[PDB]
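One chain comes next, on its own, written out as structure tokens in the form deposited without dimethylallyl diphosphate.
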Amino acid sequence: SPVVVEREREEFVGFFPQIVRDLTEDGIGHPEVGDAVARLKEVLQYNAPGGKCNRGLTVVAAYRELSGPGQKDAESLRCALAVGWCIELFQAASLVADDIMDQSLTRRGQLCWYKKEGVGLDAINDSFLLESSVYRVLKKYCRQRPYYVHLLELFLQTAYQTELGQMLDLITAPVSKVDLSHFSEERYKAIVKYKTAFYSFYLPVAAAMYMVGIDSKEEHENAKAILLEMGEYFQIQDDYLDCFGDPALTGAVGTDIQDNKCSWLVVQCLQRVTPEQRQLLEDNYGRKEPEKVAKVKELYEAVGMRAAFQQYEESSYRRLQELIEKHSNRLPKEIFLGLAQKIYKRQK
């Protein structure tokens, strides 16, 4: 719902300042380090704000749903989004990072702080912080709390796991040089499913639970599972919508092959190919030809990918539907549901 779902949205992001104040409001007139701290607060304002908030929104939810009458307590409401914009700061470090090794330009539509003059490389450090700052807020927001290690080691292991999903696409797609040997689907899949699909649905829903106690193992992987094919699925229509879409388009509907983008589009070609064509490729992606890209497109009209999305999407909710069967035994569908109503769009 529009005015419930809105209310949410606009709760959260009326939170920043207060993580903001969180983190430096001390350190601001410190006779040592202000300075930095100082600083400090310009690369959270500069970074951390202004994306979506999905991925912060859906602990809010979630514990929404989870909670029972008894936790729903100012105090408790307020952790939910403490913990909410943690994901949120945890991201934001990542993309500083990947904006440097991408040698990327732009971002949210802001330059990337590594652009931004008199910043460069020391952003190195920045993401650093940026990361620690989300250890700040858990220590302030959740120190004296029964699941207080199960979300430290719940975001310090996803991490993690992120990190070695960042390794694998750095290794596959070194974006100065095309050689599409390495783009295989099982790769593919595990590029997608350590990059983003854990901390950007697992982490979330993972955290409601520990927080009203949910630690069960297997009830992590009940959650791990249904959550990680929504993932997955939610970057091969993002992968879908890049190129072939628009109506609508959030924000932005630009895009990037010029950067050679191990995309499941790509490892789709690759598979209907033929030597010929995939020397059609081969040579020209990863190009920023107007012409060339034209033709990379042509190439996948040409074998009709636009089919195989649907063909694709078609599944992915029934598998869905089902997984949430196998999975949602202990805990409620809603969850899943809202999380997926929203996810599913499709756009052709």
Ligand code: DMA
Given for the second form:
There are 2 protein chains.
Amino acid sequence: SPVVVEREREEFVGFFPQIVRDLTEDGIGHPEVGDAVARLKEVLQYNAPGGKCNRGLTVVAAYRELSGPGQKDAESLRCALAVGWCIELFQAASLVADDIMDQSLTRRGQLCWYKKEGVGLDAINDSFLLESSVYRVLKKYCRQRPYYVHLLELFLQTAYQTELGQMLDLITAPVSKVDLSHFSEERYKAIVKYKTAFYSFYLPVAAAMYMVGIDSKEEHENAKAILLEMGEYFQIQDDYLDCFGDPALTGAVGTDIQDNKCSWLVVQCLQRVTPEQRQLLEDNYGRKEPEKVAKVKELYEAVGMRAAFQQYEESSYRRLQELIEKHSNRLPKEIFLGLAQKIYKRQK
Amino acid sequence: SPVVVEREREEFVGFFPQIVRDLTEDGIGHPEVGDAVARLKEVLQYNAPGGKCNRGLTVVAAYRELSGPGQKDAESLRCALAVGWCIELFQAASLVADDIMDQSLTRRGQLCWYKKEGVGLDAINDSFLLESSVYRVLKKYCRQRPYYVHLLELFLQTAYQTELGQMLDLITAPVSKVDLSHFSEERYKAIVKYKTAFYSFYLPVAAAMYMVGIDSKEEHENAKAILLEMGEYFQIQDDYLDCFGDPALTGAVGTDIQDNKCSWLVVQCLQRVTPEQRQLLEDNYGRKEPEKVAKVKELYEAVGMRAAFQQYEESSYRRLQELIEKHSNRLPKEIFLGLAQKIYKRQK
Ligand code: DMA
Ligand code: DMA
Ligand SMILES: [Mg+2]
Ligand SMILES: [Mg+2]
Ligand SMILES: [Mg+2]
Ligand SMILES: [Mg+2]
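Cool, the form deposited without dimethylallyl diphosphate is there; where's the form solved in complex with dimethylallyl diphosphate?
The next block holds the full complex; its first chain is the one shown before.
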């Protein structure tokens, strides 16, 4: 619902300054580090805000859907928000770095933080600081809470798992050398499972779970299960949308197969190819030349990725409900649906 | 004592493979991330080993000096080692990054990890992974221990405080632009307090403290106090040794005032200077030209940094004992002395 969803969004966004203050207020005057904390302020402000927040928001709504009447106090609510922004801070820490390693130029419609004159490789330390920030926020709101340790362990683990997924990326698709040798189906799936699924989907729910008291490992597996299908489909979708979508396209309806990106289409292609066609891709791909690009895509419609998607979004749903069945015994299915209704959308 | 000190050292070093195994054993076969964890192995092995280990060792000896007869079991001892290697892992995470941001070439006599062909900016993610490693080790050995949270909070905080000290460095002495404008006495002192003191001296003792049960904040301040004088003197010393030391000089008796390094001598200089002399430094400094370098140093002996040091190491000791007096009420002074006997040395 428009009214609720947005009322939720307005509170989240309206919450950012607070976090900013939390992180720097008493630091800005510090006769020793004041210059430093003052610079931090800028980093937060340049990088943390500006996404959609559907990640951070997920904690909130979940908590909302999980807590009991006793746990909807203002205090409890603020934490949920606070823990929400944490996921936001963490991902920013991530992205800032994805940017230096990719020699990217743009992000969220602003220039990469590293590209700002006067910054440079320094951003390397800046993302370390954005990552630190996450734990400073937790210490701040949840330190005197039974679930403190769980949440600490949970963020630290996800951090490692994404770094691994990242690591795999960095190794598979080196952005200065084409090699489609390693663009496999399981590598793509493995890169996706780690680099984003964990932190994009599991993390916000798991957080809310531990905050209501569900600390049961095997209840974490039932979530992890459904949630992992979810974020996988999601990555795929972003993947499809990038090339074949448009009407109402969420910001930058630009694109980037110029970057030898291990995307689903490429992979789904190389399985549908002939040996000529493979060397076709093998050449023209990862190329910032309008001509090659057109060819690349020709190839995709030439191979018919279009229906491959419709048939995939196809099974993807179905499967999910079944998974909703096997794994939402104790948890409120409501969760995974609302999440789903904002994730499955379409675009043919 | 040679015999003890070294017996302690041999166990520490002999402990590394274990950590390595801890970190990768069950990961190396993983059909999804195996390529990644296999690469991790290399990162650990290239970067973590090779220092002196006096940092990690400090936890051990302290624990040894603090525990009671009940707490010297093998198990307890392994943790101390394990927590020791953690400080080692963390600093490595640090250095690997100090290297990319400084465009350095060498480290611990090997080439910077980032300079290895095939690596590059990727190391940015590698140090993230070295940092993750620290918490994986803690989860492994101290998860079922009363002091788990304290140690988790302690490493996370230090991480932030050094990053700040780093941040200050990065801003004060930008390695591609001389500017001695900001080389002040308090900036140097502030950079030193944060970038190294905290993690080099306070951290290993504080860790041992919490492991024996001293979780008292104000007992952490009494340590912090003495310890901070310590690591400050230490940085200074490294600083002096770099330029004016030699006979038996610990590895690379090379040097680096070619890098516009905010070192103590520079600062101590700019306070002893004339306005001519200042522009002298202002020019020749941060220069990889044998001629300038000689001038630079001429200046230092020209100004007489030599005795300024002897007079500083001078007060530095004294002060310490006094601090040992005001602050080792409840803790065993033995600690800070042994630490001191390996730190104060001299070299005129
Ligand atoms: C969450 C994370 C590590 C994203 C990096 O992905 P990417 O290198 O494929 O680039 P982009 O910023 O376009 O996703
Ligand atoms: C512990 C830490 C962040 C060291 C970086 O110091 P540096 O940039 O002054 O260079 P070096 O490696 O010579 O100390
Ligand atoms: Mg990128
Ligand atoms: Mg990338
Ligand atoms: Mg350096
Ligand atoms: Mg530096």
